[PDB]
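A lone chain, given as structure tokens: the form deposited without the named molecule.
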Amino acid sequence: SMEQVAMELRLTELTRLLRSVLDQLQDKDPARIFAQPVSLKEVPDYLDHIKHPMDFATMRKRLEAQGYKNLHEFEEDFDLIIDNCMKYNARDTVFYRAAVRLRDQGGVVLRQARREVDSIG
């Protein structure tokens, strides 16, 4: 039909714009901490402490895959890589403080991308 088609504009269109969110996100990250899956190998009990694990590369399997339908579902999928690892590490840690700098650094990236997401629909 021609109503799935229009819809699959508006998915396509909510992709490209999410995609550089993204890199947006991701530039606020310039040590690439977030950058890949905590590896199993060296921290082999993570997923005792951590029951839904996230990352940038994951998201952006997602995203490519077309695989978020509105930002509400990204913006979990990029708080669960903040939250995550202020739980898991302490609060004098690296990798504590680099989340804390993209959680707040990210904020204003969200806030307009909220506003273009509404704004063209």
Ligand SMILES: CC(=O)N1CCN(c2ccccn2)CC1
Given for the second form:
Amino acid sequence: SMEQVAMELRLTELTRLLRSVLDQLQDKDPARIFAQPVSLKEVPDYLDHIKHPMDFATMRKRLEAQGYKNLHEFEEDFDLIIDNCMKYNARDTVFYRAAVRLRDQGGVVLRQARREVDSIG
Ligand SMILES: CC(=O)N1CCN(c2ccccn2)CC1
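Since we've got the form deposited without the named molecule here, give me the form deposited with the named molecule bound too.
The next block holds the full complex; its first chain is the one shown before.
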């Protein structure tokens, strides 16, 4: 139907917007601390601590599969990256501090993304 095509066009455009958001968020992680899943070879107990691991590569996979139906689902995954890190790593670590900086700087990008999604529809 035409309605399905229109829906698919909107999702493709949402995906385009979120791709831009993801690139911007990732730029705020210059150390690439969050670029890839935490290695279970290097951190074998990681899943005892963190029940829902997340990272930017995994988000990008879902993104290109058009697996984010709305901005909320995308934000949930971004929050997992930060919140997982701030639990697994102690406050006085480069990892915890990277997550805080990513959270703070990312908030700006996400704030404008929410306005754009609402506005464009
Ligand atoms: C981002 C994050 O939470 N990580 C968990 C702690 N960590 C490592 C790396 C090697 C060995 C032990 N831990 C870095 C990744």
